[PDB]
Structure formats: structure tokens, C-alpha cells
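Only one chain is included here, represented as C-alpha cells and corresponding to the form deposited in one PDB entry.
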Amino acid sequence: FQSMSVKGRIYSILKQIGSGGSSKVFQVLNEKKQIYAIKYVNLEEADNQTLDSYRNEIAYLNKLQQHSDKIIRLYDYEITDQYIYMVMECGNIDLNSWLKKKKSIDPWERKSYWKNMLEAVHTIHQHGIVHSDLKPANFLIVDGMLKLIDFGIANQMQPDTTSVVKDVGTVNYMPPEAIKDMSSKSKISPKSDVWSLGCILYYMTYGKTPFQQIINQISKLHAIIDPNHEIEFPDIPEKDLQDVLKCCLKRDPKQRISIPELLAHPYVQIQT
């Protein structure tokens, strides 16, 4: 068994939630037997670019605490030359693990989750942050409410397993312009997050991502950028939801709907 100290407060580790690179997230208990998640970053072999990404993520997470409750709570942190400890709320489950377990999603829960994500992403955009790598794993379900966990500034972590692993990230939420930018101008804009949000909502509507069927990677990337590749939008009773999806998944970012527009859309506004 293991334990840890953060700004003079002791926590006992229950299990490891996730890990990625020099980072680990643990489910812990304080002295009062209250649950938290602690992200541990080992900085021993970290370069100045990796260091600055962890510093920038902490500064933005702390700054944005007061601006939205759709951003994960950061209670405390410790930073030295050797490590980082971040004390956060634990939550119930990340949105990716939740979507993989769920068979059918209630239209009211899908709508409520959509509103939470728009608000979180809108808040970061207002502070000049574009995530550019949004996936369901970036969102935490905390008592039926979605909260953005990270800002895409530091390295991404994957959930851990207690079994021996056999062989990775996802390409299913990647904007078409993120692919086109690699050969070449900034390219990136708040619209890149709209596309990724659109892929998440598409998953919550049709049970798959827009290009989940394409197993091959080079053929998937081609399909995301190809204008002749028609994305299927099967008819559903929620006509407003069908329009949101079509407007989020436009290949030209200039034609793609914005976050302020999505917040005034009937899907989010009509019937509360």
C-alpha cells in the first residue's frame, strides 16, 4: 500500500485511475475518508517544453475555477523540481468509459451533457484557449454533470487496467483542418473544438463516431478531409439535434457553426 502528502495533508491511495507518460491519476482518501483524484507528475526527466506545458495547464485550471462549474475542481496543488501533485474532485466516471458501457442514452441526458460541454468549451475559448484534441475522455461525469478535466495543453492519459496489456490514442474526433495543417498560417481556431464536440454528440446520437467503421488509419484520415465523402445523418425524431450535427460536422471551418451560435440553437434553448 502507498500514501502521499500534499501541502501538509495526507492521502492514502485506493487505486490508479489512469497514467500517461510521466503522469498518473490516483483515486485517494483524505483523513476524513473523503474521496479525491490526485494527478502525480514525475518531473525528473522532463524537458523545458514538457515542464512549461504542465505549468500552463495548472495556471489555466486554477484561473478558470471561478469562471465555470463545468470545469473540474482543483482543490490544491504542490509543485517542486521533482514532481507535481494536483488534488481534484474524483467524479463518478469519465465520458469515454460511460459511453462504452451505455447501450441507449436518454434524449434528456444527451441534451444536458451537450449543454455542459458547450459551456466548458465556451469558457476556455473566452480565455483564448483552443483544446484542439477534444475526446470523451477529456470529460468527467460528476453527479450527472459533465466537467472538462484538461485543456489539451499537457500530455493525455489513458485509463488503467488490472490485467496484462496487449498493445494507443483515437483519431475519430480529429478536425479536417488539423490534418490539412500538417503539410503547411496558424490554421487552428475555436471551430476545431466545434468539430470534435460534433463527433462526441454524433456518438451520443448514432452509437458510433462519424468514421468509426473505417478500421484502417490512412483511409480514415482521407475520409475526414474528403468533401466527396458524405457523412450519414439518419432521420431521428429530434430534428434540432439532426441540424446541430450537420452544422458541427461541416468540413469548411468558416461555414461550420460557432460556440456562441450553438448556445442560441433551438436544440439547447427550446423545451428548456
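Only residues modelled in both forms are compared. Rigid core here is just the name for the largest C-alpha set that superposes within 1.5 Å across the two forms. Numbering follows the first chain given and starts at 1. Compared with the form deposited in another entry:
- With the core held fixed, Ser22 shows a CA shift of 2 Å or greater between the two forms.
- After superposing the rigid core, the Cα of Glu31 is displaced by 2 Å or more between the two forms.
- Taking 2 Å as the criterion, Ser258 does not count as shifted between the two forms: its C-alpha moves by less than this amount when the rigid core is aligned.
- Shifted regions between the two forms (core-superposed; runs of 3+ residues, all CA displacements of 2 Å or more, residues common to both forms): 12 to 16, 18 to 22, 29 to 34, 155 to 157.
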Given for the second form:
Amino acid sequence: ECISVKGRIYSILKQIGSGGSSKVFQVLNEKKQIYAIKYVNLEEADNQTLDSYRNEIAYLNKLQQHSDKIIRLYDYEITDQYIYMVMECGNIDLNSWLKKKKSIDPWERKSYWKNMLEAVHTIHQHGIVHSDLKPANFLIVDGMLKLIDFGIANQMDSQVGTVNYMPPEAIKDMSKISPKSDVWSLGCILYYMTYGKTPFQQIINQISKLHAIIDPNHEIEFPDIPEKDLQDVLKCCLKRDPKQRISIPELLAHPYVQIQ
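Would you generate the structure of this protein in the form deposited in another entry, following the form deposited in one PDB entry above?
Just the single chain follows, nothing else.
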């Protein structure tokens, strides 16, 4: 049918998904402008769960002003039973688009990489460490990557939670989860954009994958390519020791990102 936020009326074009029962929709306001509206049901949420949603909502609203690589939260209404959020409506999340794409335009990969670092740098400036980045977390809005989520709301339809992007600090640390950890994941994303698979995607035993990820003897292949900067980038993010790992400010001054 049709939804009203705060005021304020919206026709429902489609449903982008069921969280669930978070439920995203393609919607249209009175001016027939397209937004994305995220309904969430608080009916059965507790202290910390609720307080995590508030917190993510809180940052998303504040971090608006610091970068345009964060998804626009235009307006939102929240009660004791639910949340509605009016948001920037994208074209397609990165993960899906990559599965479709057979291989990417080299210059487009560089473009997204800049978009990615930019958004993640922002949240890092405010002392947020996402710690769980996948292509899924990025939305192509008008040919441009935007981070749609800060991984604060860590609580809620197959089993599809991959450890392909997990940094080795996480796994040894059983502290050391820092922004460097976020670099590790971003490396994997580019690596996939670069080479086709993620570093340990070929291994299929989750338990091994882990042992592999944290084992220095296990060496990631970096097949030689035209873009030897891209290779250099890839080599620096996937350095198993955080200290040895490169930082995002340093990545922003990298020839790969800066030189054409």
C-alpha cells in the first residue's frame, strides 16, 4: 500500500528486502522523488540492542556532514515499537554488482577504492572501527560507492556469514582489533576486484580458512599485473601483522590512489 514517516506520505514502489524483520523499500514522496525507507520492528528488542541502534542512527546522522560517501539519512521517526528511516536510495549494493560483473574496468576499480577508503577514513576519524566489512556494506549511488552501515547494530535466510574477509588479529585475539583490522578487510575487497577471488576463497573449510588466515607460512599469491601500484597496495593491506600493515591515511597518499 503506502507509508507515512514524519510528516509525511510515501508510495511504496518495491521492497528491496526483508532484513528481517527489518524491511527496506523503494519509496516515492509527494514530489515523486525516490528514497529508500528502512522499517525496523522494536517490539522485541532489549536494552543494549536498542541502544546499539540508537548509536548507529546517532553516528549516521552526525557523520552525514563530514563526507558524501556516507549514505544520506534524510529523516527518521522512531517510537517504542518501531523505527522508520528515510534514506538515500542507491542502484545496487557492491556485492551483487560484482557477482554480475565478469571483470571490472581498471579505472572504475581505482574510483571505487577511493570512495571506499574515504568513507572508512571518516568513521575512523570519529573513533569507529567497523570490523566487519564486505562488499555488501557499500551501495552504488549515482555511479559512486557509499558506506551504508557502521556495523554497530550487531544483533537481530540461509547461513551466509563469510569469514573470507576476517583479519588475523580477530582470530589470534581469543585488545588488537583496531582500524588496521579494517584495512585488512578493505584489502580483501580490492583483491577480489583485482584478481577475482578473495585471498583464501579457494579454501572451503572455514576452520582451515582461519588457520590459513593467521599462519605466516601461508603466503598469499600476488600474480603480476599491469598495475604494479595496485599490486603494492594489495601487498600492504594484507600484511598479517597490524604494525607492519599500512594505514588509511598512508593509503590516501599512495601512488595507486593519487597518480592516474
